[PDB]
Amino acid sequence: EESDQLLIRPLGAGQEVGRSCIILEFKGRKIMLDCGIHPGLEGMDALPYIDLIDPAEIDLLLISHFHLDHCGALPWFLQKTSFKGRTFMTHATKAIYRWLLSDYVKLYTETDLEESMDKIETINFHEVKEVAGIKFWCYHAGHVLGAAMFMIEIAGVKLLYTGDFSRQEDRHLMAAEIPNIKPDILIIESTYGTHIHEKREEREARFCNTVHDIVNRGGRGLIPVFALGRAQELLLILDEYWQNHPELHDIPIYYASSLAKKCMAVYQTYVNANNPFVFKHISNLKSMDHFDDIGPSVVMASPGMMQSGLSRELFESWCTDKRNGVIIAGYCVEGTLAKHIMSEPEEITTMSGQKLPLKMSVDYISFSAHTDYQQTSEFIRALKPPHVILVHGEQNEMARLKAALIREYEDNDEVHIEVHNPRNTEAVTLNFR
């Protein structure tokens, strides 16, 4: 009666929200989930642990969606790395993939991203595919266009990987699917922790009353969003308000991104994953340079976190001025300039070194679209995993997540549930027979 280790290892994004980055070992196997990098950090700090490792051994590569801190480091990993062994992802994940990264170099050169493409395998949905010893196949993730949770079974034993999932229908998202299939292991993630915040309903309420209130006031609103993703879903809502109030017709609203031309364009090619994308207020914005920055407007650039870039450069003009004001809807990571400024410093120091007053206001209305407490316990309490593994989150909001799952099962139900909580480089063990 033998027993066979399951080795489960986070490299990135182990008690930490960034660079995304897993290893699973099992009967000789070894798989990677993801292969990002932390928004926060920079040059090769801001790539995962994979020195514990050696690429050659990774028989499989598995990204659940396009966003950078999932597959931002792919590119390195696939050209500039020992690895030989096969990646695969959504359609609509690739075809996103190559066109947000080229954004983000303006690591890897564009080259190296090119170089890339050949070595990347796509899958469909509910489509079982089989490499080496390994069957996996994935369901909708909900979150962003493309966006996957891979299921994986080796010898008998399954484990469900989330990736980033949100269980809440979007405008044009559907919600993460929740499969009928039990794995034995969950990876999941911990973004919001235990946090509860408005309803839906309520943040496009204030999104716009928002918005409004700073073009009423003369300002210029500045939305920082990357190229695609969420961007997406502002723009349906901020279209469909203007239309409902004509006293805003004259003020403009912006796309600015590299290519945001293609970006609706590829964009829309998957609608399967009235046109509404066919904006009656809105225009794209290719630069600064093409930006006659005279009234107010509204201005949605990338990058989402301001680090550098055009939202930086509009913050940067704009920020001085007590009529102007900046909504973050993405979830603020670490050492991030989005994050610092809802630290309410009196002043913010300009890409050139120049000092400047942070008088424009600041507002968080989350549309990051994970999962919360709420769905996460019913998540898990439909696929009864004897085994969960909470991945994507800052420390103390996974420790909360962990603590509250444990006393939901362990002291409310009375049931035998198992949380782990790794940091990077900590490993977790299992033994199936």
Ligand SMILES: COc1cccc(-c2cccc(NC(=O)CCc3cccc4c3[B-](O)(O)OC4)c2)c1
Second form
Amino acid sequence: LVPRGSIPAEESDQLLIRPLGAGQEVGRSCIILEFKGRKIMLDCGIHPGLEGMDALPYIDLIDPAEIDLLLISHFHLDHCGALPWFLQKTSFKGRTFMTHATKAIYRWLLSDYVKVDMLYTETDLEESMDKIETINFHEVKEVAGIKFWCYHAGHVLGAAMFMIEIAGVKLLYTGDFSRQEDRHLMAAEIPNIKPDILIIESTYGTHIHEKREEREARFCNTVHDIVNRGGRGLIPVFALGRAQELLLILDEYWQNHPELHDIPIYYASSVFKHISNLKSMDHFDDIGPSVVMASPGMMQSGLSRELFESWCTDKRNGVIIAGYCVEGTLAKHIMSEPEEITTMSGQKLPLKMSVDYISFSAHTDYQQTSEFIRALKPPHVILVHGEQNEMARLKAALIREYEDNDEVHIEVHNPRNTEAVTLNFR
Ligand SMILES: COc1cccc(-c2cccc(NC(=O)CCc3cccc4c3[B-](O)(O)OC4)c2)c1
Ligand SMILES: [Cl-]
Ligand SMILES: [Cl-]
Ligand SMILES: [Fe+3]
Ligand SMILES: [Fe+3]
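Could you switch over to the form solved in complex with the named molecule, since the one displayed so far is the form solved without the named molecule?
The next block holds the full complex; its first chain is the one shown before.
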């Protein structure tokens, strides 16, 4: 393979890409890149559906003292949740980078995550902070002969798509990205610099997102239906990111419906005209009807789980899941509509509240991913960050898009965890 940036050719160099997490799955993103003696780790998250050391990527398969560079795409815990453990409980001595906004949220986010088999303590989190260097967007940095810079990814504030260049070979890692313009977030940039390799998320496979006006209308109608019948509405959200979006939509809908002005909306985490802030359960009068937006987004524990257990037995109540549901979480389990749930204390409760799923996770759909790949046409595309069935359908659909393309033949890979993808560059 001739690098796209580049006579009797000499020796070929082999590039190695191996996912330790997010390989044919969603969670614990951690992809290893090896080329010409350099070793790079892309993200270092935890699996939200597993517990303890099982929620970590397969770090045992590598020698962490040989990792030259660690790049963190955004502040979500499936991409940086394992970072304090990797920085403090392991022989890693390389350099770590994330954007300025990402580091700022990371310190408070993981501090919250620790408070609510503990991989690390809040002590470990604070000592590893100075090991994390920052980087501006559209600015080249070099570490051990590795040139890298980042583009805007959309998705959440500070989310970055890292471009990596070693010996003229360019690789683009999208992390999590979205191409649909938000109310408070830009769409992901499409680089004009063309990469040899693309590592791209596959969260929604070949699904196509419902138009934003349709999902917003159904979201507001479902909330309205819940409080109108005297119910309490639970909107589990991950602390920062999509929560501000949903609060804008509800604040606008409340203003245009005066019959809802007396119904409170609470946002509980650690300028609207109809939304109040909430500190904890102690500061909250559970008076129905009401709307409560609480963390975490998948009711694994914490406030959203406590409110769900308090409200799930009343059919007037309802929960609205707005994010992507990972296997092993309570939010994914209730999609099957079980007769009963199990509380954190081990008690069985009948699930009688309504359960609705209106997606607002801010990932690309097939159209956005296909357009993104067509604009770049990288000879090799590697799918990560997606369930096995969704990723297999995305691979087949993208392959079919380029069988009749005489200009470029694009190879698509969907490696399992620990599975290596090998590419040779002249
Ligand atoms: C009490 O706090 C807790 C307790 C236990 C587990 C978690 C936890 C762990 C991992 C991820 C998460 N959620 C997130 O990062 C939110 C974003 C998210 C959520 C689900 C799936 C995906 C993403 B994505 O946009 O990064 O793409 C895939 C929470 C938190
Ligand atoms: Cl070199
Ligand atoms: Cl191998
Ligand atoms: Fe994310
Ligand atoms: Fe993710």
